[PDB]
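Residue-level listing of the chains:
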Amino acid sequence: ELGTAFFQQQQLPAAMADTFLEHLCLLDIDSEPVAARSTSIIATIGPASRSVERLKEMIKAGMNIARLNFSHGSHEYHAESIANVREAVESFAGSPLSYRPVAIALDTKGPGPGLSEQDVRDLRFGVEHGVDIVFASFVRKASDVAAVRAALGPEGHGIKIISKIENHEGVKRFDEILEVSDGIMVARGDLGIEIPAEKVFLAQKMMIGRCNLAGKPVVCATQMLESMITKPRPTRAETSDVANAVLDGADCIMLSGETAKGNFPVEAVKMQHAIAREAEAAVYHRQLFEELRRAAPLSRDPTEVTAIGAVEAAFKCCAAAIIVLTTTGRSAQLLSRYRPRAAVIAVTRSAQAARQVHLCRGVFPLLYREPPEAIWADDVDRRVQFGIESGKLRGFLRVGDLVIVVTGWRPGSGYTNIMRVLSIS
Amino acid sequence: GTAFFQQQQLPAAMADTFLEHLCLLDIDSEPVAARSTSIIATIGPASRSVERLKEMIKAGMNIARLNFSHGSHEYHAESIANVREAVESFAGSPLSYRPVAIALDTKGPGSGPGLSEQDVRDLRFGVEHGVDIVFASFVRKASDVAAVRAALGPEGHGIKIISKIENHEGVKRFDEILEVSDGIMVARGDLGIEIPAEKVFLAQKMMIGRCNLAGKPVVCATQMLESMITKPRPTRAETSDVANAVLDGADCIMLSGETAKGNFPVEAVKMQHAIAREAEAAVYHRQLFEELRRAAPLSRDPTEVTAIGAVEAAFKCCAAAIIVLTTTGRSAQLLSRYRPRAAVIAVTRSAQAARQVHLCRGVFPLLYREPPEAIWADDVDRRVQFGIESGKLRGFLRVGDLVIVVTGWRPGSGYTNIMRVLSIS
Amino acid sequence: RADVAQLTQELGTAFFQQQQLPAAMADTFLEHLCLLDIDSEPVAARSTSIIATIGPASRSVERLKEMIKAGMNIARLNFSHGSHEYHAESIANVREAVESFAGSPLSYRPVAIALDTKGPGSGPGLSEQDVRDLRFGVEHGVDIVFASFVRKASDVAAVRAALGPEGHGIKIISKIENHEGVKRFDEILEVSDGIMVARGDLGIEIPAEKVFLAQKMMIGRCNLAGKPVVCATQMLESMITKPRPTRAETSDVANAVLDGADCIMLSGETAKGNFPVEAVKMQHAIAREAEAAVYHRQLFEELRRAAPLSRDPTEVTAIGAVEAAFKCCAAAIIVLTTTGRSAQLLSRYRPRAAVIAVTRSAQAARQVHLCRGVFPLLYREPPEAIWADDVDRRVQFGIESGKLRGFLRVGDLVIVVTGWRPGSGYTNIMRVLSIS
Amino acid sequence: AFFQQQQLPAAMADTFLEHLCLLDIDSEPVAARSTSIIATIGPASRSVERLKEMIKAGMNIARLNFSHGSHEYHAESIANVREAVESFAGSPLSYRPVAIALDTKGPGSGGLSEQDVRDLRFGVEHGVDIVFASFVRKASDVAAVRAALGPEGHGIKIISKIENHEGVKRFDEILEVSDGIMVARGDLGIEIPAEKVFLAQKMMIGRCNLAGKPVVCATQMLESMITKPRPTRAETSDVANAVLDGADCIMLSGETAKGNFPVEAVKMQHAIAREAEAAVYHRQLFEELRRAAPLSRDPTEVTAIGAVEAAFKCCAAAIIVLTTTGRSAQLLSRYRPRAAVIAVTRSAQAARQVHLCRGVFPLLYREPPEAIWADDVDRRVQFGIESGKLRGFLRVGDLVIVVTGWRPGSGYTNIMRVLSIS
Ligand SMILES: O=S(=O)(NCCc1ccc(S(=O)(=O)c2cccc(O)c2)cc1)c1ccc(O)c(O)c1
Ligand SMILES: O=S(=O)(NCCc1ccc(S(=O)(=O)c2cccc(O)c2)cc1)c1ccc(O)c(O)c1
Ligand SMILES: O=P(O)(O)OC[C@H]1O[C@](O)(COP(=O)(O)O)[C@@H](O)[C@@H]1O
Ligand SMILES: O=P(O)(O)OC[C@H]1O[C@](O)(COP(=O)(O)O)[C@@H](O)[C@@H]1O
Ligand SMILES: O=P(O)(O)OC[C@H]1O[C@](O)(COP(=O)(O)O)[C@@H](O)[C@@H]1O
Ligand SMILES: O=P(O)(O)OC[C@H]1O[C@](O)(COP(=O)(O)O)[C@@H](O)[C@@H]1O
Ligand SMILES: O=C([O-])C(=O)[O-]
Ligand SMILES: O=C([O-])C(=O)[O-]
Ligand SMILES: O=C([O-])C(=O)[O-]
Ligand SMILES: O=C([O-])C(=O)[O-]
Ligand SMILES: [K+]
Ligand SMILES: [K+]
Ligand SMILES: [K+]
Ligand SMILES: [K+]
Ligand SMILES: [Mg+2]
Ligand SMILES: [Mg+2]
Ligand SMILES: [Mg+2]
Ligand SMILES: [Mg+2]
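Residue numbers (our numbering), protein chains in the order written: chain V, 1 to 425; chain R, 426 to 850; chain H, 851 to 1286; chain A, 1287 to 1708.
Be careful, since some hints might not be right.
Okay, the calculated bits of chain H under chain R, using three or more residues with CB under 8 Å as the criterion [to be verified]: (1) 1047–1060; (2) 1063–1073; (3) 1122–1136; (4) 1256–1266.
Hints were generated in silico from the structure; no laboratory data involved. Cβ atoms here follow ideal geometry from the backbone N, Cα and C, with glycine treated the same way.
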């Protein structure tokens, strides 16, 4: 029905293994990855990656989120970076095969006894310029997150706050920080100076694990492909680090100086893309899914209940994709927390939600711009078919494939409760 | 509530090991779920009366067995009529009507190699009188099942064939017999004479395990409550035997002389009901569900894919029930094979399918009598509501419960593909 | 297949078809059930002990010799019936039949004698008759007391007090026969040597459909605690009058063994029934089949995970020895024991290898029948001058008895468990020996 | 306090997810560092005084890269290593043996090159303990190296370097005839796509752990430390992940051979390895190793598993084993105990070679012999206890597992004892 060749690709022999030891033993360098790359790439924008033409190359290479480091540059400089990013993104708004939404993240300068005057001003700039994410520097306690939240003024409550853990206090107060944050960034640069360098891997693995348990995005950052700032190829330790961040459970991987000031920004994005695809296929879904399953508490929220049912159904038939209709991105996030091997194609009318779902591993956003149908059920089918036709166009789907479709019983956010098994025609 | 988590062996169900599970079993933890293992009662002089059969239906009898080793065709036609009269005496209240299957147990081949002439005549009698199941005696090979199928003719295509394994050859050729049969009966009486008495438990446990693996019904039969033929209470070995047949994985438990000729046919049914409810709550679903999921192969059939997604969703929210619309009973059978703790309420218009789904553990058949609505989505909703109303009346559901609703995308058998999370109002 | 491939080439394909070995290699319990084979013959010696109640049907010395040969390990004296004179005669007849085989020490089979008390009845504590019967047991050298209707830890303390200073070595097995005993189980097990699931009274005190929950819970907790547990009453009830049992009865025996019971009992089946020897033979046949059907892969891991860390060298050596025995498919584990404790600690990890316990204590040899898989050997030789040579003679005695009885063959591996100095409590050594 | 150290809360976890969640940066490692450090000897690490600092820092194996330097140069390196090692022999209870490994130049465009035949004969003549055979592609390559060592080099360990696609594809046949493997990531990263090397590393480490044979992770582990005093975040992560993968040895090439911070690179590998070893999820690892290991009728193999099981049961501080060839210690090591495997040996070569096995701490027995063999055994067991106490492995009140044999000579290990310290 699928062929012997299908079961030799994307580490399927290693995925069938009964133990983790057998899984490692069955990893094959000749087993090619087939699924789309699911770990998002955050690229820091700087002199090496600011031009509209250079940004088009980086979008094509795999950049999903553009990071603006507010430790350097003026508001005028960053507004120009935003405009250049938006111009390069909208240059693909014709052909859907190349049109991909790109998120814009503001990385704050940091504190000091409270939120800094500069941080308050930069956060206000982010709201005024419609940024999607804030990477809040040096978060030490829950009250730091609340201060950043307060600063996202009256109009920026939809912006996602990703708290950067950069010191011992942040590591120790992690649970209270994650509870009030949208996600976490393992800011290894400062963390490696604040705590012993040989202890950073424990902090990374712990934080990634707790974020996977909570179902919140986690970013692995700093010195991932450091040598690529000057050299065209990375070291053996660097490719290993990227692969292990993906295997650890990181939703996003980041490039700092590699894309901001280095000689090979596009090549660094291409390298992260190549390694992430390989590492995602090497994930031991058998144990991962059962552990996520057992660790997740019982839920009476129909979205959460539908998400696990959909991911279970996708594994049962080797579904090509899970197509989900989402207004805020939440239904796609709850599918993503169970780490399916199937791509989560999220169809949304919210341009912000389409940009923000790049924070979640395996979510492929589609922005729907069609005029609404008079009958709601008709409008729902039109978006499901949009997901299928885009999936076909991009290579995710083919006729005869099975897809899982996640929808809700009534319009508006918060009513996801339906899972359909559909044959692609 | 705290009280909810003390009932139906919920502390023992949360255990991380089978040893801890046994240690947490509580005699004060009352069973809450409806009894899911079916009771087959053999009809005879002690249970032939229409008034006596009404008491047995109320006590829990799901399948009426006609032993064709005794009695004439005239005798068995009268048994069938009395059963049908007692069953239809409750059809005035459709929300509480309980369907009862009629099974013909053949006399067997005796000294002969193949299908006896009496068996051919009895099988044609069964087709003419509309029996739902055939318990084919002394099945030794796949060709014996084919001969029974041939004797049933074109009109008996819908009758279910449950092969009785009564000797060493049947045990050795088990796989080929199960492949062509609808299910199996562990006929312990003859099996205990054909093979050493001390080896029968190995044959019972093996056959039950293989039927659970295959997703096909398995009946445990003979001497389960033997002492209740003359005594009002069973022995300690007898209650233990019933409990262990349920814990082994048997879909059905049987009463022979206990209901056919004894002095306690109603009490024997009540006893089997009481023990089965206790034993079903003591099932270690944590290990069982994982093992059934792991052992079940990948499938591209949307009914099979929806079934596993629905059972996974039911466990996630502690769903009170899984309401399924079924024409042939197949959708209910595929839900049943994953052994959910949630009751599988099967709503059907087929009176034969409603009788035959009693062969599957945890399937509660509801016969829907209304003629089809003009709008198909309205006819579907009306059936789902009938399942909710019946389930509320019978104690399966209460307001505030979560239920998983399993339906299809078009009318007719074979199109189940939808799973939706519903809240009882 | 790679985890057995070499041992398969060495021991042969036939070895791996016997004693439910394909079912034992299974990765899941479902696969284990699926692989159970009626043609896979049991090879190991029967490890669950058989307790036979002595009565009119089983009192003659000649009848008792047949029952010893059939598999009876413990003789139960029901003090609810019969006088002290009657029970002293039963004891004498049992001892006469047991000692009739003492001529060959390499094949002698010890038999324990257990006194089952009448109980408190309407009373709150120890009855006057129980005090008199317990005093009789001490005077007649009984090995075990099955204390009727134990409801709390103070009941077991009263039985211990009644046994006095001379009955300190007697094992107290508390009978759980009512709701209070089930609810206060943990405190009762803590102060008892073991438990008996007295299903007859328990089935009247609590709903009959709840007894299996009580049986499975108590057996599980006793397995967790490492203390003996007996399953009792109506196991082969129909065999009192019929030569073959019902399908529910064989199932019940098999399931008590599969549950984790150390001992299985016969009451009326041997005390008054027409087939006492046939009932013992039936329990023996079913137990041997059920023991091979145990899913040791999950059982050993669960016992291992549930057992807390220990700093007692006997406990540490016991787990190391059972692990070593599973690694090489050891035919037996030979252990030197004074009180039976080292053998009991090996037994709690439920090895598939027979635990051959070599002891000089005739009482310990009788009492280790309470522990599943322990095969007692009574050493009658006087002590050697060098202790290190006395120990080596006791190990060789175990190897010779094991060879003589069919437990060991040339080429087999055996695990030997000993201590560093004489006296009880110093077990700390494990050795891997090849049988020549 | 004992249960808060060495990631013990994370070790008690019922799932790997819970294990990651419980990892604590404040939980200090207490056990001795188990993963051996191989340091490449070069201009930056050749002086006797420099080598004493590297021995003190944690270097267990000295690698001589025969791709550069003459036989005269390498003989001087060997002499300087031996001089620095023997400078600590005055205190036998604290003396640390150091192995010497010859890394061959390789076949290049060619079977076994003429230079390799000459270098292998040099190794035999100079008493090297290990050979890291470059570019092994098939079992016949290993046989050729074995032949070039001759009858005088029967005891040298051959660690095959997997550096290309053919070596990865023919891995099983190479491991079968080799003593161990080296994941030579430098050449492997050029021969196969750079993004596929982690799959080859994890597969080879897993198969070596399965086989019970040593596996070395090599190349660019702390590369930036050649010029900088601190490594990158990717580098510390790489070292930690090689240990977490199951590597018996970790290597330093340019970092120690030509770099500005050779001692600091050794100290860094030591610090990371200790942290990573405590973060190992022994609950799942031991079970998987147990299940995957086949049934055995060799009493050494049977005693090894029984001893590791007993060590976990009592939280044994160490497993003291008497070994002639190092085999009994290797069979204990394959089950990855948390307890240190203190191997007491009279063979100086076996003491150097057991560094290839993770968690084996070699002690050279140089005390006078007892007339009664039973007394000679108990004295060697007391030697292990005294060296253990002095080095911090043992304290009074600890439990130890002692592994011995029934008769003198190699191949007779069959006894395990539970002993209380003092
Ligand atoms: O032998 S054992 O290793 N376990 C096996 C017993 C058992 C029974 C039932 C289930 S089920 O998860 O309900 C289930 C699963 C699959 C198929 C199925 O039909 C049922 C699981 C396990 C053992 C015995 C005693 C013990 O006291 C112990 O700790 C371990
Ligand atoms: O996809 S996973 O299932 N990877 C399992 C990862 C893992 C790693 C190490 C060990 S080991 O027990 O130390 C060991 C055992 C055997 C061989 C060995 O060399 C090591 C066990 C498990 C997963 C990822 C992220 C998670 O957050 C999660 O919950 C599950
Ligand atoms: O993920 P979110 O934000 O909860 O959105 C999911 C919602 O999308 C839908 O599928 C479609 O809703 P709309 O028609 O309003 O877009 C709803 O039925 C469901 O509640
Ligand atoms: O279990 P079966 O026999 O395949 O029946 C399931 C069928 O029932 C339905 O839910 C309802 O169908 P009907 O309207 O014909 O009753 C179908 O959509 C589905 O195909
Ligand atoms: O099982 P127990 O009662 O602790 O007895 C085990 C004892 O038996 C021995 O192996 C032999 O001791 P004895 O010389 O007293 O018979 C002791 O070394 C050990 O302490
Ligand atoms: O690990 P190896 O090489 O097999 O050596 C283990 C050997 O060491 C001993 O424990 C002590 O032997 P020696 O007295 O010859 O040193 C032997 O009994 C055992 O056979
Ligand atoms: O700010 C950061 O990215 C860091 O500190 O690693
Ligand atoms: O037919 C039966 O029921 C039997 O033989 O047990
Ligand atoms: O006393 C007993 O043995 C009983 O009640 O079962
Ligand atoms: O020779 C090596 O070690 C390499 O190339 O990595
Ligand atoms: K910044
Ligand atoms: K019949
Ligand atoms: K009594
Ligand atoms: K080289
Ligand atoms: Mg920073
Ligand atoms: Mg029959
Ligand atoms: Mg009683
Ligand atoms: Mg190289």
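Hint by hint, here is what the structure shows:
no.: 1; hint: 1047–1060; result: holds (count 8)
no.: 2; hint: 1063–1073; result: holds (count 9)
no.: 3; hint: 1122–1136; result: holds (count 3)
no.: 4; hint: 1256–1266; result: violated (count 0)
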